[PDB]
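Quick setup: one chain, the form solved without the ligand, written in structure tokens, and binding and motion questions come after.
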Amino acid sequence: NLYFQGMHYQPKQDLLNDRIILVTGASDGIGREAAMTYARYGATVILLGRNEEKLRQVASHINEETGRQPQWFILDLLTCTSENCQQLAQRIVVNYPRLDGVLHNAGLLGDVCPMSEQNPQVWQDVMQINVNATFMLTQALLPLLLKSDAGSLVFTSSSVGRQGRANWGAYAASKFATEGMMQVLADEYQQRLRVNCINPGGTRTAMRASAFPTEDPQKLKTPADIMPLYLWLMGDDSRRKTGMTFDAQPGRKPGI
């Protein structure tokens, strides 16, 4: 997972020209940063999220920066059905000829507390968003991704998706499930799609702060700082990489 270490990745500024990339959870944090970064490197970006107010602002900011205004679509992973996912895919089909990338960034942390105290309803929400709806949206978007010359599908993992640790409860279970889903898809789509996970590591975001209220967030890298791996997985330089889980901060030791 430390593969990307010492990569010092600085791609051409048009790395993603003519790539159409959908980013979920795009309203703030890592998802907003990824959408803006991909657009700055030339991509046609599609924003997905649940907050119309924030999505409008991200689209406007991207338009100010690139002269091209991305479309946004509302999809709330916690409540959507399979039919809702297929209906979102049909909207994309009408507007875009393919998807060259899908970055699944949407997710829910839920409770950080011992197993004996985990709330079963929160557990089920974490599983619903991180695993089930992420699966359902993937399934709906597979035909679009297969129209790419080399489609790239990326899930969000975590160090606790590789080794479970005390108090990480549903989040850990859901990120192990994500690594599993990713491996099944990579196997089914060998030589057709790239399918991988990214573990962003500790990053300056509201989710991180909720899990570690004592941590000084100024000691963490920002979403901007961890973008090189996100760019690499969408551009041509990662073309024959699939079935892998990569750390965005290979240098960093997990924990506070």
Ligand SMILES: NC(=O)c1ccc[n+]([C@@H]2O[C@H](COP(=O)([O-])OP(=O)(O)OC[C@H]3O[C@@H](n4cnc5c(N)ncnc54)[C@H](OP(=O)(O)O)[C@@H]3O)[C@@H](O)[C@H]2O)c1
Contents of the next structure:
Number of protein chains: 2
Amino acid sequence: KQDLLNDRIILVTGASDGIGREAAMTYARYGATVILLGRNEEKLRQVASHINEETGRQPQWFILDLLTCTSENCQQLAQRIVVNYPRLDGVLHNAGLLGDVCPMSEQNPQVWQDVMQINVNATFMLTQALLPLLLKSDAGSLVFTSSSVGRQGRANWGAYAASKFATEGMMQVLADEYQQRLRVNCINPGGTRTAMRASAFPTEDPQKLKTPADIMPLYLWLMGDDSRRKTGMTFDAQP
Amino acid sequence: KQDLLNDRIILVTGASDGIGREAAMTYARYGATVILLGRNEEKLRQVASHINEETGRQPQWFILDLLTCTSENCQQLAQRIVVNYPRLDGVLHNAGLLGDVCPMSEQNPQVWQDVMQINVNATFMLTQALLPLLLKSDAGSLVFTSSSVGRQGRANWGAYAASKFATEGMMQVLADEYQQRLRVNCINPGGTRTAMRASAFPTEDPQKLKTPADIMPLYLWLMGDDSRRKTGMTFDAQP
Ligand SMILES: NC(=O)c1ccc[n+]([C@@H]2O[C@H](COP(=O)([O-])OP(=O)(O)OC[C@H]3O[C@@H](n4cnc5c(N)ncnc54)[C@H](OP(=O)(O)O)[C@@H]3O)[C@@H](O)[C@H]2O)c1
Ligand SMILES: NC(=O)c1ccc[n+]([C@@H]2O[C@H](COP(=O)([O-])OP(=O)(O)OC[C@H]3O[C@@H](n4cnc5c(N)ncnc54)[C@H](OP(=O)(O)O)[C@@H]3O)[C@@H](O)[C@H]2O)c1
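Follow the form solved without the ligand with the form deposited with the ligand bound, if you could.
Starting with the chain above, the whole complex follows.
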């Protein structure tokens, strides 16, 4: 089992914390060559070093701030990747901003715009930049991260709900365009023990939640060979 | 029938052309006091004058460019409305930008951002500004405009599909927050004979399409009293 992802090159955004960190570390343990994207340099250095402890292979990391990056910035990142890696076998878009959790009448419009910029616009721009590398895979897998409020909007979820709906739509468009070329799917992690969840639910007991490690089976499956015919779908990590 | 919307004050965005123009004119014919929002001053003047021909009542219009308006701009507009109108009984968010219809790899990121800004962000900001007026209605009705690609993403629909998914999500959040206070719903017009449709489908015969006038029954129903218990739903004008 331990070589499930041997010779698969997988890029993970939001790899500096929470679910993305766990995904990057888990993929590396299963033999993948991982590329870490994040915003916080110190956190990325820490994750890369912990992957080196666990696997003896030190992954490369890149800084890309999704709030402010331009299309040119994403293209430049892709060019830097091309120098060291001949393809991408997987891209996991896990980075996300929660924004305000409060009624629509109280949503801060600057924060609303930021949520849309990171979760949707920059996620799209990065996708555009990385598509040529993904198409070089024998069976590239592109994964977006949704939420239950990306399937059914609920009170107080504001920009986050709008952005995760947009994410499902973007995934569906891409799956349709890349039939028999790429697998394109969404994962809904479910409520998971991270800082984002704790901010969204400040009074909930985090010990009642599954951890990122607990929800990894779906993350592995989508990057492995058993999911090869599956595209255009949204999967719940906690069904 | 001709006084169905007597003493209902209804604001319509994108009232300068296409479906929005038809909705504004139709609501006025049924007795509504209509407020026209658009970008093109000459078109708004023309629609207001044609409403005056048809009803002998000249509606007010306001310019608000959804690409560049700030939250402050929307608040200022709401203040201007408050001067002349004590409430809003309906708000129809019909304005929209199509953006590029082409594969994801060819989508222009500036255009993508514009589509998200008009269809989602400024639509949200305007909603925030108008909510207090809507809450003054005995039964306020807030209507967003979706598309079939806001329910199922398809190839080439890019930012537009993402934005209409976000629109469905925003509608669902609002419906949940305003239970037994407002009706909040989406209309999917279906393929309708307008300039937007003709650009999206340049080779299609527009005479094969229903016109905006043809799809008005649903637009009237959502503003009239027979839809009073209906919220959180998306309705197809062409089922
Ligand atoms: N935890 C849950 O219950 C839950 C449920 C449903 C969906 N999700 C989704 O799961 C994904 C991961 O979230 P999480 O719970 O693991 O939260 P998290 O621990 O706070 O991690 C979020 C990650 O996103 C990155 N990120 C945020 N803003 C960024 C920006 N401007 N530029 C680049 N990267 C940015 C962060 O990077 P830096 O630390 O380097 O700033 C961090 O690595 C998100 O898409 C979230 O919506 C989580
Ligand atoms: N026609 C269809 O087959 C179809 C199908 C599904 C959904 N829809 C939806 O129906 C709605 C109406 O579209 P339509 O077909 O009637 O197209 P249309 O004739 O081109 O009308 C679009 C309206 O949106 C307004 N608008 C565009 N950009 C704006 C901006 N930056 N600021 C303020 N207003 C702006 C335009 O105003 P100005 O003219 O003043 O610039 C125009 O009044 C849209 O939401 C569209 O997505 C249409």
